[PDB]
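The chain below stands alone and is given in structure tokens; this is the form deposited in one PDB entry.
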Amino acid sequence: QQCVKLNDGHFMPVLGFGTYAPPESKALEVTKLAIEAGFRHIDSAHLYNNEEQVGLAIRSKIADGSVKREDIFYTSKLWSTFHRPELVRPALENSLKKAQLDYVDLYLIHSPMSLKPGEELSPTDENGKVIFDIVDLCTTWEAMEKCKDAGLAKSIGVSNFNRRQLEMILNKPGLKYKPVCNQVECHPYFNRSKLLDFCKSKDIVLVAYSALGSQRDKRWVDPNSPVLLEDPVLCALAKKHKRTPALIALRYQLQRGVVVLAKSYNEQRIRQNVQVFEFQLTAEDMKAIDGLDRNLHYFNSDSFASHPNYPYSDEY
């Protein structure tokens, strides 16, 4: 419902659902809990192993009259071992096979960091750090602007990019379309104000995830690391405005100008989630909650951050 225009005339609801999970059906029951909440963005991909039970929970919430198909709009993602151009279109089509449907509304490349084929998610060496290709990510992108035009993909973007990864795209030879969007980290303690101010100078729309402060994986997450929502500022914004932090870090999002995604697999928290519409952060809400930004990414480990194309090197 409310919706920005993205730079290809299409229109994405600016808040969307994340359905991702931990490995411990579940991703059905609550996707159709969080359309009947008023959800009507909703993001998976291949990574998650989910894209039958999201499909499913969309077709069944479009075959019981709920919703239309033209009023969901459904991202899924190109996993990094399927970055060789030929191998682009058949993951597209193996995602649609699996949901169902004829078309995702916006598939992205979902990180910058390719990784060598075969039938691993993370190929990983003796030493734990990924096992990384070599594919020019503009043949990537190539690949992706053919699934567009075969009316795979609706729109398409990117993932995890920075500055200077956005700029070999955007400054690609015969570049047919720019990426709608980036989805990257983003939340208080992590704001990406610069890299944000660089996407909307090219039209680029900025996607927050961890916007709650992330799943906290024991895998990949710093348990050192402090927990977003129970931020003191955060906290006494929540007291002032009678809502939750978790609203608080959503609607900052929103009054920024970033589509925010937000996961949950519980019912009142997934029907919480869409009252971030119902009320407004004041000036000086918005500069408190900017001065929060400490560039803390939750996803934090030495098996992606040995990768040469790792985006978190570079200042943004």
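Residue numbers count along the first chain shown, from 1. For clarity, a rigid core is taken as the largest C-alpha set superposing within 1.5 Å between two forms. What changes on going to the form deposited in another entry:
- With the core held fixed by superposition, the comparison between these two forms singles out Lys129 as the only member of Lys194, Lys239, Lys129, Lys97 whose CA moves by at least 2 angstroms.
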The other form holds:
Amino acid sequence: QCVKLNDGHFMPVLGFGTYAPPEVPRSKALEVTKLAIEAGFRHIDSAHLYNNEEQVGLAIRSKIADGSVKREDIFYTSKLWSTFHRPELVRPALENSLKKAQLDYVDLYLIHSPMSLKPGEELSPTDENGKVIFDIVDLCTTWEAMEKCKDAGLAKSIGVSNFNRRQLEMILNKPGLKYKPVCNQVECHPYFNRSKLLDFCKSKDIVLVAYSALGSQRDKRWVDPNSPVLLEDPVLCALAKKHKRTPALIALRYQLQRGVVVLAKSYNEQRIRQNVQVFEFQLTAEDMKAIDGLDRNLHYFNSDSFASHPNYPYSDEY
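Next up, the form deposited in another entry in place of the form deposited in one PDB entry?
Partners and other molecules have been left off, which leaves just the chain.
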């Protein structure tokens, strides 16, 4: 149940999403990561941004200690936050994630976003007028620092997140490149299916990893409440009824059959266990075309405050 990455390592094709908004107590991340491993999740997606790597690492430690898994059975992802793009900050940021999680390595380290921010430990640097402070960094130099993290053994694989085709090509065409990104983790669901970007990634042996594949958590700081609810889509709901599954399972299976590695966040014990049932049924070729028809170019995150960023990913066609 894995895909082979272009560096030879293997990534489980279903991943557990661990982000929860700050109102959720941090003990929950510990509890649900254990439930996820107990349910069969082996790929766990975290990040410095999520303020939960300590709890996710504790959950992994606990399941290793009780004999449920070994460390090599777990695929753990962290991400470099955008205030750490300057190359001298990359390894210290990774080492800090490893210390928090009490891991010797991450299986995957990503550049969280191409949209560089003012360097510092402050995650949301803002000016005297409350505006986020951008930074200008050559992401090829960030990538060179990521490559050194892989050679140092601290990350088994390295990749990117929220890149568009042009930004991927900047890395791929970098002189003296040693490691291609193994993946590009991007927003991907039936209302924003990234088919052109997926075709490009396939042509370069880069895995597309889908986040907000269930339509996001609809956080009201970020999500227009008038945006359509993905899991209420009539086509998804009709397919769920036809297959005797759930709209969530349809949305996850859609990604698996188009060669996309799919993440699924749930902090609910029964939904966690439901999502691993994605492997138990199949969509027909006609089902897949019907879902392909749902694309609305819908980004669940209101990105107006970032649209002026030089590395804003959504100005290009893809």
